[PDB]
Structure formats: structure tokens, C-alpha cells
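Once you have looked at the hints, place chains Z, V and F on chain R.
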Amino acid sequence: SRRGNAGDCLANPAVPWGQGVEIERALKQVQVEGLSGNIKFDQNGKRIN
Amino acid sequence: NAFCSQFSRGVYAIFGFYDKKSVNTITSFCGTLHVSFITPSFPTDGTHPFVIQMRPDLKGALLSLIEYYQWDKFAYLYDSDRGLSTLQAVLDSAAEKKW
Amino acid sequence: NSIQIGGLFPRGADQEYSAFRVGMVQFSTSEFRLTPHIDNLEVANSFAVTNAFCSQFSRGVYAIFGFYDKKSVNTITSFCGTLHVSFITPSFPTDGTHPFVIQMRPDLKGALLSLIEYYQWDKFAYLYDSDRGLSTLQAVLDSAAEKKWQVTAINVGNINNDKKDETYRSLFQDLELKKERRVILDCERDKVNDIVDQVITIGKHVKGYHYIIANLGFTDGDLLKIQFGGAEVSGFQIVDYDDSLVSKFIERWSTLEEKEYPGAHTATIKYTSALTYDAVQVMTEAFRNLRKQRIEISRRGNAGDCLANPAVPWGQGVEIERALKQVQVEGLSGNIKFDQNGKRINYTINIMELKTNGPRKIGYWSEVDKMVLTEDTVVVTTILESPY
Amino acid sequence: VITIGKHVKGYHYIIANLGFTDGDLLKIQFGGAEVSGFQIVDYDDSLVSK
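Chains as they are written, first to last, in UniProt numbering: chain R, 322 to 370; chain Z, 75 to 173; chain V, 25 to 398, 405 to 406, 415 to 426; chain F, 223 to 272.
In case anyone wonders, no lab produced these hints; they're calculated from the structure. By construction, the Cβ of each residue, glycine as well, lies at the ideal position given by its N, Cα and C atoms. Treat the hints with care, since some could be wrong.
[Claimed, not checked] Here are the simulated DSS-like cross-link-like pairs (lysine-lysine), alpha carbons at most 25 Å apart as the crow flies:
#: 1; chain 1: V; residue 1: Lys272; chain 2: V; residue 2: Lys394
#: 2; chain 1: V; residue 1: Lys203; chain 2: F; residue 2: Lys228
#: 3; chain 1: V; residue 1: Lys94; chain 2: Z; residue 2: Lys94
#: 4; chain 1: V; residue 1: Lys394; chain 2: V; residue 2: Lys171
#: 5; chain 1: V; residue 1: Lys249; chain 2: F; residue 2: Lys249
#: 6; chain 1: Z; residue 1: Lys133; chain 2: V; residue 2: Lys171
[As the list claims (entries may be wrong)] To give a feel for the contact side, a few chain Z residues facing chain V, derived at Cβ under 7 Å:
#: 7; residue: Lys95
#: 8; residue: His108
#: 9; residue: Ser167
#: 10; residue: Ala169
[What the hints assert, rightly or not] Restraint ranges, calculated between C-beta atoms of paired labels, are given here:
#: 11; chain 1: F; residue 1: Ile237; chain 2: V; residue 2: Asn370; range: 53 to 61 Å
#: 12; chain 1: Z; residue 1: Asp93; chain 2: F; residue 2: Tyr233; range: 52 to 60 Å
#: 13; chain 1: V; residue 1: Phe252; chain 2: F; residue 2: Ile237; range: 33 to 41 Å
Isolated chain R, as found in the complex:
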């Protein structure tokens, strides 16, 4: 769900909004095919296989 306000990036100290953990985790689990070939991701984010 979109939080609405985001604030300023240079907030001292700024606070992360803890939905981006669920964003990247689905991003790390993408298993599709593209022009290059098979696309498989490590939990680091490096392209494997």
C-alpha cells in the first residue's frame, strides 16, 4: 500500500519504510525468459544460471 508522504531524503536521521523488503524479495525470485536467456537471481541480486 502506498504510504503517501515520503519526506525528504536528507532527514537526520531518516527512517526506512519497511515495505521495500517485500518489494526486492519478489524481485529476487523472478524466473522468466528474456532476450539474453534464462534469468535467475541470487539473494545477493547477482544474475545466476
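Relative to the frame of chain R, chains Z, V and F by itself:
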């Protein structure tokens, strides 16, 4: 400038390119502000959260191709702009395999 | 006239922060003074650098002193390139003509290159760290081809703390099969103390080897444990203690308080702290020379934040770097002379070599002339007869 | 011996007392000098292992 302006918009992910000058800038922010970044540029040495690399590695294919062609003496020409991580890999394998 | 400046200091930089205080106390003149406004941080994280640099620019200063790392150097050279705030630092010198940047550290490469032909080497190894950039490794391999060396360069910096002892024993036994009697090290203090301890434990400091610790502190780290092996050790240092102003400083430095000045009550001082003292003389030289030609640059108006769209400079900062680069004073290192870019010219490095008595000096180096071997025979009579 | 550097391959040492592994020994394990010694208490015995 473009990072905080798009952070003001409240975006979900950021797509873009980086060079060796700005590579530390994105990795410092996306780890801090916990937003994802997806890129076709050259991948960083070491691990970084919140960064998805699209370009694969080239090291092992280079070390296979030199080994498949059975080389021991050659020359190497490099540009600084994409980092030096390929150079550091092939100089380590230079020591182990008598190059 | 309390000129307000800014400090960006890393954690664990205890000896340098006291060496910053000694210049602030001694070089404090009555006609003007300096307001520190110092914050602590981590040098590897650019976000805290992004936090602190826009913190001090939000207040608005005339100059900033601090330390940077390889992981944050382009954060600095982009901000001071854009926002026209001059910057002074003793860290490793950048490559490229970056405006608004003062390199207080001298270059080391040409002095390092000069020593190598002096021993007339041909084949050696080169252990390096990945933290001070790779400018030296690029410098030697470019010179390796055009003067026909055989260099085996091996990185060491990515080794974890838990598996040190197996990796170094894996490292030097690989060097032993190639008969590598000559090693050039290039690290900070803490790696050099770790590497030398593993050289001793495998027993590779007898008569027959040679070592070069290529950094500005040769007697900075511990050296006594390899004094008596037999392996000839050389190194580089700029801060010679034989100078009286240095000897005045050491006499002043030694008598100080531990809990007030952590790391002061010693006999020697590290070069990173030595330039920190020498930088405050250069900062105070600026605003003294600034008020001499009646140049008021007092931008008392509100600086505002750093995220301006578009960002705007303020042209009195051009006069600041005009004043900072035109500084020639004398400090612990010696003759401080600059370039239009911000580098250092006309300096001298003392080539030091290790003997059984301890550290010595076998000469100095310059830009104009190379390694000058200032240490500071029979006549045969016979007659020409065959086959003699 | 270590500080003057005299434990390379080529030397030999014998610590003639009943505790060979009693004192520290790791710091000259990796030199090259062959070191022997004497001990009576073998740990491989079960009553010792008990």
C-alpha cells in the same frame, strides 16, 4: 539531485545507469533508504542489498577462454571507466597458473 | 573574527583529533580565531557523508576539513566540484584535476619508482590493498613493461578475519615456489603489522630477503621484531625527527595528558596525525592572508540547504581557493608548495633503511632531482708485463 | 630463537624434559627446524582420556 527528487515522488523502484563515479552513491543510498534499484551497468565487486544487476559476469568465461586457448604469455589493454575488477581477477590467476 | 569551518572525522581517529587540537591551540592568533563544529562518522558510508556535508552546508561555512575513503571519494569531488566549497584533506591523492580540493599528502609513486632501480631489481612480488585506490598498481605495471620487469602482484585486502593464518601460509608458499626473494608491501599500519607477524611465524626474514613498506610511516608501525633477522628492510618517511621544530614538537607532544589527548604521551607521531597538525597552520594562513589585502568575503546571508534546483555557487569561494593554493609555509613535513590543481610540489621524502642499530637515513628525494643518495678504496700500482 | 631467526629448515632442537607439549610449541611449528622431545603421558590411553 535525481535520486531525492524521485524519492520525493514516492516511487516503487528506480531504473537507471551508473558509472564508476556514481557506483558508490547508489549503493550507499539504496542500502540506507531501503528502496530497490535495477541496472544494466557493470556489477559491483562484493555484495550490496537492494541492487539488482542485469548484466552478468564475464570473469569465468575469460578464465575459461584463456585456459581453452592454452595461453601463458599475452598482453592486456584496459579502460579505467568500468572499474578494474576484471584486471584484478586476471592478475590473480596470472600468479597461480604461470602467466 | 571567529571564522566558522567544519569537521568530518572518522571514528577511531583518536591520535589525529588531538593533533588537530594542538594546532588549534598553538596557531590560534589574536586577530582571528576558528570555530570547529566537528562531527563524528564512518568514512566508508557515503550516506553519512551525504548527511554531514549537507549538514554543514546548511549552516554555511567557508572551508571544511575531513577525511575520505575510496568508498566515498567521488561523493566528495562531486559536491565540492559543484557547490564551490573548498576542501582540505591528508588522505590518498586523487587522480584528475579536481577543483576545490587540497591534497595534504604528497605523492609517493615517483619516489617509490626511484627506489626500485636503485637496488637494480628485475623480478619481485607486490602485495597490495584495495583501499587506497589502485593508482600505485597502475603506476608500476605501466613502468613494468617499458623497463622490462617481472611483477607478480597479488591482492590481499579481501581476506576475512577468521581465516587469516591459512591464507598467508597459502600466500607465501606460492611465492616461495617462484623463488620470490623480493617483496614490496603497500598497506596501512594494521595490515603491515599482521603481514609481518606471519612472515616471522613461517620464518622468512633471514638474510636473503628484502622488504619495502611503501607508505609515509616507516617507523610508524612496529619494526623491532624484524630488526634482528637479516632481511634488509627499507621504507619511506617524511617526518625527520632531527629537525629542531620537529624536536620542539616532540618535546611538546611527549609531555601531554592521556585522557585529555588520547595517544599524545608518546615519543613518535603517525604521519596522518602529522599532517593534521600541519593543516591547521595552512587554514590559519588563509584568513590571515585574506584580511591582508582587505578582502571581505563575509556571506552572512543564509546558505540554505544543499538540494537547490538548480544549485548556485557563491563566487567569494573562488577567492578562498585562490588564497588556499597560494600558501607557502613551513610545517612538520617541510616545504609546503602547491599546484593550481591542489596537489603538492617541491617536497622531500627521507628514504629510510633498517640496520641492526635501528632506523637510519640514506638520502632524500625531490621532483627536480631524483633519489639523492646523501648518506649525510685502493690505488693499485703495478707494471705492464705479459701475461700479467 | 625466533627473534634472531634461527628456526628455519636446517636446525634441530631437543627439549629434554618430561613435558614436550607442556610448554608452548605452536610458534615454532611452522619454521622448518625439526623439533623432538620427551613425554610420558600419552593422551590416547582411555584412563588418561577419562
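>> Check whether the Cα positions of Z:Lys133 and V:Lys171 lie no farther apart than 25 Å.
In response: Judged against 25 Å, a Cα distance of about 29 Å means the pair is violated.
> Are the Cα atoms of V:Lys94 and Z:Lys94 separated by 25 Å or less?
Replying inline: holds (12 Å)
>> Between the alpha carbons of V:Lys272 and V:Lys394, is the straight-line distance 25 Å or under?
In response: It is violated: about 30 Å lies between the C-alpha atoms, which goes past 25 Å.
>> Taking the Cβ atom of V:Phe252 and the Cβ atom of F:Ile237, is their distance within the range 33 to 41 Å?
In response: violated (23 Å)
> Regarding Z:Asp93 and F:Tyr233, is the given constraint of 52 to 60 Å on their beta-carbon distance met?
Replying inline: Given about 57 Å between the Cβ atoms, the range holds.
> CA of V:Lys394 to CA of V:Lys171, is that 25 Å or under?
Replying inline: Measuring from Cα to Cα gives roughly 17 Å; hence the hint holds.
> How about Z:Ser167: closest beta carbon in chain V under 7 Å, or not?
Replying inline: At 11 Å from the nearest chain V Cβ, Z:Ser167 fails the 7 Å test, so the hint is violated.
>> Quick check: does the Cβ-Cβ distance between F:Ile237 and V:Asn370 fall within 53 to 61 Å?
In response: holds (59 Å)
>> Quick check on Z:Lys95 please, does its C-beta sit within 7 Å of some C-beta on chain V?
In response: Holds, about 5 Å.
> Taking the closest Cβ pair, is Z:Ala169 under 7 Å from chain V?
Replying inline: Constraint on Z:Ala169 satisfied, holds at 5 Å.
> When you check the alpha-carbon spacing of V:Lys249 and F:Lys249, does it fall within 25 Å?
Replying inline: holds (14 Å)
>> Tell me if the straight-line CA distance from V:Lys203 to F:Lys228 falls inside 25 Å.
In response: holds (20 Å)
Taken one by one, the earlier hints fail for this structure at numbers 1, 6, 8, 9 and 13, listed in ascending order.
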